[PDB]
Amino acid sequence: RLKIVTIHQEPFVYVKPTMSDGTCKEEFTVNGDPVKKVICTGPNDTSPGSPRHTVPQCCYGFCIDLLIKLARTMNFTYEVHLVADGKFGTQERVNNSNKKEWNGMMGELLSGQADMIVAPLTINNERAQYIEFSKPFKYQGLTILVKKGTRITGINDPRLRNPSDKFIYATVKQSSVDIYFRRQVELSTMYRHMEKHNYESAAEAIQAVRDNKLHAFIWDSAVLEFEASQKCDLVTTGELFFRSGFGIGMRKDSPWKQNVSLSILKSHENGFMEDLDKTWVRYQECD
């Protein structure tokens, strides 16, 4: 039974409480089909000041449908859990030493806490040095989320390039955005500014933009375009930059790599991936 690690990230992975009896609410997609739900154990509340607890929760969404398809095609059983530290994954020095370890889903995959990462995980060179990725199951990039009416040209906008306390922007801590910005001298400076405002999760950053507490949120276009399409007060702006793909993550020399990429290829060929977009991404107006 493979240990699958994932993360809360709508519309790829929705996380909801189980009903009183431990089951997951019966819901249906836009096509009238039952929404497939899996039990995923993980931290409940991450609000600072309250005790942490890990409990069974209900997970569903684009990546869960993909997981179910992969498991069926490759004939494997699995158990899903949410990454304990709630992060995607960057490499940092730990324990005030020079020893480096990956946090987030990356860390759990490398430690053995997980056997496969099935989430909107960005394929990048930094991570590819430590793990193996399947071919992309989704093609996307980075963009910027702002409140409707906010005027930003894109990543090269002066309010981003020449930061001040008048226009606050940020991303989610320990994600691929960090990795990207540390690759350029100029972006490194900008990330230093962002470091003072980065959020723990995408959900919190998105809410901050709606509440006028964060002026711009730099993040994955697959997620931001969905969020903006569902909330009439939020829009994305600027040309996409740092185009990239999301892939399934496995440990180095994993015997699953070939077959996982094979399944993904077939899904891109037969309409399965496109159907997932029509089910989870493009299906209704904002409300």
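Between two forms, the rigid core is defined as the largest C-alpha subset superposing within 1.5 Å. Numbering follows the first chain given and starts at 1. What changes on going to the form deposited in another entry:
Among the listed residues (242, 66, 113, 195), the one located at the hinge where rigid parts rotate relative to each other between the two forms is 242. Rigid-part rotation between the two forms: 27° for the smaller part relative to the larger (C-alpha based, whole degrees).
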Second form
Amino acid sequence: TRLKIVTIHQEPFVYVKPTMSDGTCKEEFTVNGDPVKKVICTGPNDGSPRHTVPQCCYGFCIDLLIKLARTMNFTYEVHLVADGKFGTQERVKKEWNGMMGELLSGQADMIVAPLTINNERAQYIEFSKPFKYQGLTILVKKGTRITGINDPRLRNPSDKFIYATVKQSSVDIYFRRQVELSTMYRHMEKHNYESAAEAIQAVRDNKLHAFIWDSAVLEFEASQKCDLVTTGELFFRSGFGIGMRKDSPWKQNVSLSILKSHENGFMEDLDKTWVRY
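Now that you have shown the form deposited in one PDB entry, what about the form deposited in another entry?
Chain alone follows, minus partners and molecules.
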């Protein structure tokens, strides 16, 4: 009766590292003196044969899982999503992939990861109240001033100020969907990068002036300190929630425990541990 937890590699929520030679996880420490709590999470390493191996998982969402498990008295085992995706609906009877598909098929009983709460997913699964707010922001070289999604250099684009996101990413899809972002979308389309890592160096390399991406990740990328920086107000806000099936008996208590944790400062401690730089 161990709950099967599915997660995904997404820093700083979930770090995934190889085990040491004896198969244990390296003992490490947080920014405050605290020991980093690590769990073994099995999953693929790298077309590919998807050979499953014990790996070390830690971070915001792992700390949360450990708290939840304690609080609600459940045991668990953690694995990484086999296809490496959060989850979208696709066809060829439409079917969810990623963590969404694993939860619905029974391969997982709970999704503990920065899983964006949205209408399409909520039609199928239950989200907890948010354990963390979600939004987009902008990544630029230090010294650049962008106000947010309503800045004239974004609203009225030219090749003098090039902005983009990752091709076919969740952000790209979101932008294509809004007719009011059309003019903004045609500019991005011509400049979108293949991966976040390829977008970010481009910002370092003055090849791309602004990268639009998840806010938590961008502050983290910026935390290197500091040829890069984040600018403006967050936009297109939502939240990250624990995902469960509609008939889960744990769902109300998971949500209540998350509210309790926001209210007593536990979540701020996590913010200080993993997302405050």
